[PDB]
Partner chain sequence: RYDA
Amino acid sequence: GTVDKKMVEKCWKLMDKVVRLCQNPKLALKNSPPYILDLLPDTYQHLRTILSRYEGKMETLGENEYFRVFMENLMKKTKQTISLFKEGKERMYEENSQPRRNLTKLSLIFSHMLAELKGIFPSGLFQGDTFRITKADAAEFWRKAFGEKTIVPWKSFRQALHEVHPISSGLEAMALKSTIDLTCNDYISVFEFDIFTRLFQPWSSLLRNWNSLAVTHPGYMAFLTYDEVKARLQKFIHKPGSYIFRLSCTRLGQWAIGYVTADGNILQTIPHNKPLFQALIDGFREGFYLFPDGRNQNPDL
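Model, the form deposited with its partner chain bound [one chain]:
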């Protein structure tokens, strides 16, 4: 659906309202990524940069498939967050409450959304048609299936992927969608695809990798933040070698692995130049990564 200056302004107002709700001192938000208090103003700023780059050619901007999807989603997510406060009431202020957890997941979604927007409009101009996917075999798949498209409906992505990497069941497809659809808008962007295919490389065995590392691995934590990982490993502080892992939110495309050390500290690191399987095997051997989510059985990869 076409976007004009007006729908942007309406989105900006909804964003400001979320920011006012999230400023309540009772929430006590920590200034640490993802931090909704900086994410929303930052998304507004980048939207201003985009608008600026399209002055006198708003017609072009308004018709861009990706931009229309993005704005529709921004409106949906901001309304969702407002509805969340309205329905949760005081429950938003109990850390550990389900509605507060819902807000944290939203905060991560806004983080992924801003990273996506910046990836597709670097410097404020659309460059989705030339987005560079990092793994060569994944870039080939995307080109073969979708040409230079920036975004595709989930149904169309699933069908295309299945032809090269078989999906075994509907519930597997829904778990896959949950993993790759970072912006939670039922479309898959070339940026989301690049993220997933970096995280679950190598391409030759993509869905076997994801099934092993995420679908059935007790250590994988979907839509979890740095602070949540520190809180979750706290219950295992006297159990060195307890560990979990998740997408890094500031270095999208990379894994953050948290673990309990011998001296009872919780560290988090992002492996350098090594796919997850190898990071897990190496850390298993060294005794860092032994008990996924503090459990006694660790998958043998």
Second form
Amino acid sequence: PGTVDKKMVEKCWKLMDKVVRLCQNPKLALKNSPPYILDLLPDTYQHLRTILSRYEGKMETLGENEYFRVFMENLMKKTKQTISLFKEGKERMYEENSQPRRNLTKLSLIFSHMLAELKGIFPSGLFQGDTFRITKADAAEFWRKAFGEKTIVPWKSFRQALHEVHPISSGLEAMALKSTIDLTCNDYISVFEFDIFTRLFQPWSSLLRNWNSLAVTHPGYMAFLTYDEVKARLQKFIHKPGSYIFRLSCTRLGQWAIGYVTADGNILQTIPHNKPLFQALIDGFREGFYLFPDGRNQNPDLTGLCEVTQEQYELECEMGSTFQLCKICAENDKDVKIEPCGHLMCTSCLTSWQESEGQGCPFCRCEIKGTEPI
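Next up, can you give the form solved without its partner chain of this protein, since the form deposited with its partner chain bound came first?
The following holds one chain only.
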């Protein structure tokens, strides 16, 4: 990734301007709900101006900073990808539920994560990547031992280092993990992304089993939603007290929020504090609040996560080995992803479901907007 100079910054601002103008189109009728691309790109522009200001008469130093170089390459690639999406999408961009339009939401989330990361690494415009404080102590010790004060690490190197303490036992597991951690979708892991991941999937001692059981195999997991989208989803279960879902929030990375239907006709949400999510969900099940994930009658049993020992390493190795298998047949490897639910399976099981007249996704019955080969 090349040195950042005045010309490159100029080209990025023009590319951002084009994306903003494409997204102002009244026919898209974007609601200002997060991630709101019409605020994010102006806000990213503004924070870059703050950086450039702090580095006035020091552009040669800023322009060589590795994080900054990688960020500006990604900003240019992501804006070009968004412009390309409109060009190829044509009138489908105006269909609220088209895949092109859902792809715009995905890019908008990425722009949101990129701005959060930039603000975290350049608070007030000054590079502070090398003094970034990782929240969880074990995760912080891991990063320092493997990487020192580095702000970003190529995925290939991050994987090899993490594997030494938390085995990544299969290629498919690695791809799923990368999609979870690499928020900015650029094949680098920053200290900021690592901080987020290790807060979400604490405790460190069972990191990857926590991730699998919360983000892969749990029907209550909604990934990034707004609170209005959570309420909209649970309102369908307003007459089933104990129905619950849990989500990430693009405006507050590193935290979970659990929405649930009460016994009195209300929907509330709780942000768990000083408690891993799985313990929050065990407690809430026992207490009668979190009974029916996404309104389903069956709730996962997370107590196997209760207690890096040698035993943890072996449990994670086994989970990672089984990860690649399609869980409908338990025979073929996963090789297709359903959109928009994101569930993975083999194409044999998808076909069999469809040939039997089965509707929507074989796991969750969500309508299939498209599929993507793995």
